[PDB]
Amino acid sequence: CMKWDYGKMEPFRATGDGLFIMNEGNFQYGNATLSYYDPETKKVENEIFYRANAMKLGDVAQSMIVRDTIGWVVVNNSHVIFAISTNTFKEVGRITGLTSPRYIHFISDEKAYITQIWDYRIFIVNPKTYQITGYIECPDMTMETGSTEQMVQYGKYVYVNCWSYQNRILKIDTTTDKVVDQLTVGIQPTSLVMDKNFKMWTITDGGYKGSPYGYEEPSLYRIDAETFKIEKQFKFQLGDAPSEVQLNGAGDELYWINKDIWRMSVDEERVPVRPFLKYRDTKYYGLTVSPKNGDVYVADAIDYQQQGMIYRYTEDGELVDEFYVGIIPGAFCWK
Amino acid sequence: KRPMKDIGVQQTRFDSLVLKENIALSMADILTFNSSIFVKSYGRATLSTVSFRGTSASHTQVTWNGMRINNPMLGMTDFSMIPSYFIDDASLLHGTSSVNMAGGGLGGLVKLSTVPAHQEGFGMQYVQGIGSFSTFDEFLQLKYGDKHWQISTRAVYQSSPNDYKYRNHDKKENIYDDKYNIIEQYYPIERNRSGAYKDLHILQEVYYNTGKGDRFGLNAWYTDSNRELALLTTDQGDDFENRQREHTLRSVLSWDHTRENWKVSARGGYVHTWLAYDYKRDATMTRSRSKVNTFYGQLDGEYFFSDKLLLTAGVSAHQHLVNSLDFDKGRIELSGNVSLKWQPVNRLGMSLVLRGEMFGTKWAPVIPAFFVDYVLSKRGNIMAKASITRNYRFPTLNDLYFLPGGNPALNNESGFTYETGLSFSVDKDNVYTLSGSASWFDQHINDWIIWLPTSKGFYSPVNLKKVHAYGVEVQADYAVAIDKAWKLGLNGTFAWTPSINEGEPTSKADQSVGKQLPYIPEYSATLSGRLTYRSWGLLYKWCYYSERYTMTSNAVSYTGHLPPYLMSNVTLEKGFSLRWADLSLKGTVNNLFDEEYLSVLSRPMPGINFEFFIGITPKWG
Ligand code: CNC
Numbered sequence: 021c022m023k024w025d026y027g028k029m030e031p032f033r034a035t036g037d038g039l040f041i042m043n044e045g046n047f048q049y050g051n052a053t054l055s056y057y058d059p060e061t062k063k064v065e066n067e068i069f070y071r072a073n074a075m076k077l078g079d080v081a082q083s084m085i086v087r088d089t090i091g092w093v094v095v096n097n098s099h100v101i102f103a104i105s106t107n108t109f110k111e112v113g114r115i116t117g118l119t120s121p122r123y124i125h126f127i128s129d130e131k132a133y134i135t136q137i138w139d140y141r142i143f144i145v146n147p148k149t150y151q152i153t154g155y156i157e158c159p160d161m162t163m164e165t166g167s168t169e170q171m172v173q174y175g176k177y178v179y180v181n182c183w184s185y186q187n188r189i190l191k192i193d194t195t196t197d198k199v200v201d202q203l204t205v206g207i208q209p210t211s212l213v214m215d216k217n218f219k220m221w222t223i224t225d226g227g228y229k230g231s232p233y234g235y236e237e238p239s240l241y242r243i244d245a246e247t248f249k250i251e252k253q254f255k256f257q258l259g260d261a262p263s264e265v266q267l268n269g270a271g272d273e274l275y276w277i278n279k280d281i282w283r284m285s286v287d288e289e290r291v292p293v294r295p296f297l298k299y300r301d302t303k304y305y306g307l308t309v310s311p312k313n314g315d316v317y318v319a320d321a322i323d324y325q326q327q328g329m330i331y332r333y334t335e336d337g338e339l340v341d342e343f344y345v346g347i348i349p350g351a352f353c354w355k
Numbered sequence: 048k049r050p051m052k053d054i055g056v057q058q059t060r061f062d063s064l065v066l067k068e069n070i071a072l073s074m075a076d077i078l079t080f081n082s083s084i085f086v087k088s089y090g091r092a093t094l095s096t097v098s099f100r101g102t103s104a105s106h107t108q109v110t111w112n113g114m115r116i117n118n119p120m121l122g123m124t125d126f127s128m129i130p131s132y133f134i135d136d137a138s139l140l141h142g143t144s145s146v147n148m149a150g151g152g153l154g155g156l157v158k159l160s161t162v163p164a165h166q167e168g169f170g171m172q173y174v175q176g177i178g179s180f181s182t183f184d185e186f187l188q189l190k191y192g193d194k195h196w197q198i199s200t201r202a203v204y205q206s207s208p209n210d211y212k213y214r215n216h217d218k219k220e221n222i223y224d225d226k227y228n229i230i231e232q233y234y235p236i237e238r239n240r241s242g243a244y245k246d247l248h249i250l251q252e253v254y255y256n257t258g259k260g261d262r263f264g265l266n267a268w269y270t271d272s273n274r275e276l277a278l279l280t281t282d283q284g285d288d289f290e291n292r293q294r295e296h297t298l299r300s301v302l303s304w305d306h307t308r309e310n311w312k313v314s315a316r317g318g319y320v321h322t323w324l325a326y327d328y329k330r331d338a339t340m341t342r343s344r345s346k347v348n349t350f351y352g353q354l355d356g357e358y359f360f361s362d363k364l365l366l367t368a369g370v371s372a373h374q375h376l377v378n379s380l381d406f407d408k409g410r411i412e413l414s415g416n417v418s419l420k421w422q423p424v425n426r427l428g429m430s431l432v433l434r435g436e437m438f439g440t441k442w443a444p445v446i447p448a449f450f451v452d453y454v455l456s457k458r459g460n461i462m463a464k465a466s467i468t469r470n471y472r473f474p475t476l477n478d479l480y481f482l483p484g485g486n487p488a489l490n491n492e493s494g495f496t497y498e499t500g501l502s503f504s505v506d507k508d509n510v511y512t513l514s515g516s517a518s519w520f521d522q523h524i525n526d527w528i529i530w531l532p533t534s535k536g537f538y539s540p541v542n543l544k545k546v547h548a549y550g551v552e553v554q555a556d557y558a559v560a561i562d563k564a565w566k567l568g569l570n571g572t573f574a575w576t577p578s579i580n581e582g583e584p585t586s587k588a589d590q591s592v593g594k595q596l597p598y599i600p601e602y603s604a605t606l607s608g609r610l611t612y613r614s615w616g617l618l619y620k621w622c623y624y625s626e627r628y629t630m631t632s633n634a635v636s637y638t639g640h641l642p643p644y645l646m647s648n649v650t651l652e653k654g655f656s657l658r659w660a661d662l663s664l665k666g667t668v669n670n671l672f673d674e675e676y677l678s679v680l681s682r683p684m685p686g687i688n689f690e691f692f693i694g695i696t697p698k699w700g
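Read top to bottom, the protein sequences are chains B and A.
Note that the entry's author numbering has the first sequence beginning at 21, numbered continuously upward.
Residue numbering for the second sequence is 48 to 285, 288 to 331, 338 to 381, 406 to 700, as defined by the entry's author numbering.
Quick caveat, the hints were computed from the structure, so don't treat them as lab data.
Idealized CB from N, CA, C, for every residue including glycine.
Honestly, I wouldn't trust all of these hints.
What the hints assert, rightly or not - Footprint (simulated), chain A over chain B, 3 or more residues, beta carbon under 8 Å:
| hint | region |
| --- | --- |
| 1 | 37-51 |
| 2 | 105-114 |
| 3 | 138-149 |
| 4 | 258-271 |
| 5 | 294-303 |
Build the full structure now, drawing on both the sequences and the hints.
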């Protein structure tokens, strides 16, 4: 008439240049999970972090950045960003005390700005000491609407889009650690990415019709790099909520969900009518493109209450592999 | 001595000593240990959800003094906000029996009432609860009666910082070095954060009797609560508060006019409910205000044609008004029922119940129900019974008018239920008293309301979700007198309740078909024991829940596993009779074996904890 459990570590060895599926998990349930898939042996390893550390990842596992041979794991709903070995999936350090981190970009081996939600300060941390250094003050920007997201380096400046309850792009100078420019874009820009033609690529979700901030037709934007200025705009009518823009290894073809995953080349002029994928019957959530071969991995959330799947297609559309991961897969990172 | 109203009905009743044993036990703690019901409750002073006979929370209708108490927006009630001493008589109606009194009770019905007192003169009671974790509980009682009046007043206050020591088997704290490297890992022992709470409950009762068959009453039940939301087990990092205040006033007026042959009852009531959500940290980060205005009315009749035949009629009407902001919606709820009970010979018994429901502007189909009872053998009171019905549950007010996702075109869920049971009652005079029952139930639910995402980008219920619920429920009560001063009582309940999702696969690859529903244990059993010797009292309570699945697919995962839940609570009571007062001393030990357990995913649990009560009942002239 008793109970037991506790965890037991097991050895892990990264045998190939695998892919890290960044499972978000539910929200206010603490069921975030991390997974590893090997594109060559066609074998997927789920719950790599729990089995290799005997302690759970957290809640709302957001994104992962791999630098050199170390991988940084962001847990949004636990104020913690990890640092794990990319070979044995073991913890070597952590950064805690954050407010609500989303994304991390390393300016150098010393400075790594961290984005947040529900806050207008961008954390500055030292990866080698796991200690908070300073904050970056975002103008006209408050806690009740706090939002920071994807950062893209361009020479000496970092561009970040303010997603949640925000409609502005911020350009940050790394040397002086202060914003220097701003552009006003549509409601709630989701993700920001960089191409070869030096044209900033992003989309704006309409967002939650009836929202206090407002409701609008989602759009797509292209922004010049050298001169921070809008260049071209696309409209995607009033339906659907686009998200998760991506590129390929060559940085010349654009991918985004908008129900029908759209595979369209860079420096085009119109949205192709045909869908790269038909948006069959489920609710896709994640998207990535291989930088070494060209495979397309599409993360399916199914019904948010069971294991999702990633569908692996080639650059032509040939089905290759369909494997299962944790609850609500949300992001990818390449080892 | 079967009551005619209780013909072919599977129900259980909680005795006085079951409800009046501790002042810290809400109805969540009562149902967990005293029945086979699954109660999803991750601790004390927390959101408790009841899943009954394999169904969801919304399929358990709750009525206090006749009027329905379920939240109009959600359709489900938090059983942890109802103190046990505020309930003087409670009953459970299983499945088809909920037709006799309520409407869309696909799972079952919980009926709560306060019997009038029988105390002459002035009296008082005061008990104080001194417990671990810096938890304090109080309960004050004031009563009076003069053969034509029964005035009562209760006030229950419970407060605690609610910060207990638990060991994290889901988090690990590291020991750094001189060069910010790693040295050793260890499972930390931390304290519950943001779990502080304080609750106030006041119940005022006025009962009037005329002595000519007319009885009057007025019950007012005011509730003030201020509970915070506990942090997750793996919630480390930082200047934080998150509270859910809740103000509720529930009033019921009653008048009963009995006669020599027939009886008519009329009741009316009013409920004001106000919820506030606050999320702030060092700033009005999030706000939410919910206001509910509710009016109630009911008229009931009951006529005897003879000792063998009985007819009843009843009309009810609820009116919910909601102005949730920080939008205007309402619904009238008529419910007429007619029942006829015929008892041809001493062994046979039939009962037919017809119900009519009209919620808002849509008419539900006629709700029939047949109850039959037969006596197999009077040697051991072997009695078998069977019932069958088709019941309908209307969509909740949220699913209809939820502004970004409301579809007022939903169809009410339908459920076909049939069950067969047996019972026995063999007792020996002042030696032993054994009774128990076993019933097999089978139910199919169609058009189960399931919120699902839409292509536009919002959520909307789409019915579907055929569900098959069936199983076996067993009850057993035992009492024995070992010696002239030792009395032993044993109460045991057992239930095997699968809940299979029979619906079509929503997508190409869903492992949910043919699987158990989330957070419903396949097996369940409870056992309670009581031994008393003179003024010494020892009580033992034990509950068992099988594995609970956290995913629809029932997939095996290391990070989503919930082991079978076995808990043991023991309490020793001693009573002292002084000259001017009576003192009752009891001490409660919860989590007796001190297992670092887990009943809800990634939510911390306390260890072994103690609770001490001091009870004073003055003895006047
Ligand atoms: C679909 C969804 C989700 N959402 Co919204 C997004 N994008 N959401 C929505 C959509 C509608 C939800 C709905 N109720 O119809 C959508 C896009 C409109 C929406 C909107 C919002 N969401 C927001 C955010 C950022 C979040 N959302 C997620 C919960 C993000 C979720 C990600 C995730 N991993 O869970 C999400 C993908 C899955 C929710 C779900 O269905 N869960 C399963 C469901 C069956 O269980 P559940 O727990 O009962 O789900 C309820 C809640 O999650 C609730 N909910 C949804 N969003 C929020 C936000 C908050 C603060 C709260 C308390 C509840 C919610 O929706 C469900 C009931 O419909 C989030 C984890 C996404 C992320 N990766 O950061 C994030 C929470 C961030 C954080 N650290 O707290 C918005 C501020 C964005 C915006 N401006 O549109 C806004 C919040 C509204 C508010 N209250 O102020």
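Quick rundown of the hints versus the structure:
Coverage of the region 37-51 of chain B by chain A holds in this model, with 4 residues showing a Cβ closer than 8 Å to a Cβ of that chain against a need of three. For the region 105-114 of chain B, the proposed coverage by chain A is satisfied: 4 residues have a C-beta within less than 8 Å of a C-beta in that chain, meeting the threshold of three. For the region 138-149 of chain B, the assignment as covered by chain A holds, since 3 residues bring a beta-carbon within under 8 Å of that chain's beta-carbons and 3 suffice. Counting residues of the region 258-271 of chain B whose CB falls under 8 Å from any CB of chain A gives 3; the rule of at least 3 is met.
Counting residues of the region 294-303 of chain B whose beta carbon lies closer than 8 Å to any beta carbon of chain A gives 4, which reaches the threshold of three, so the coverage claim holds.
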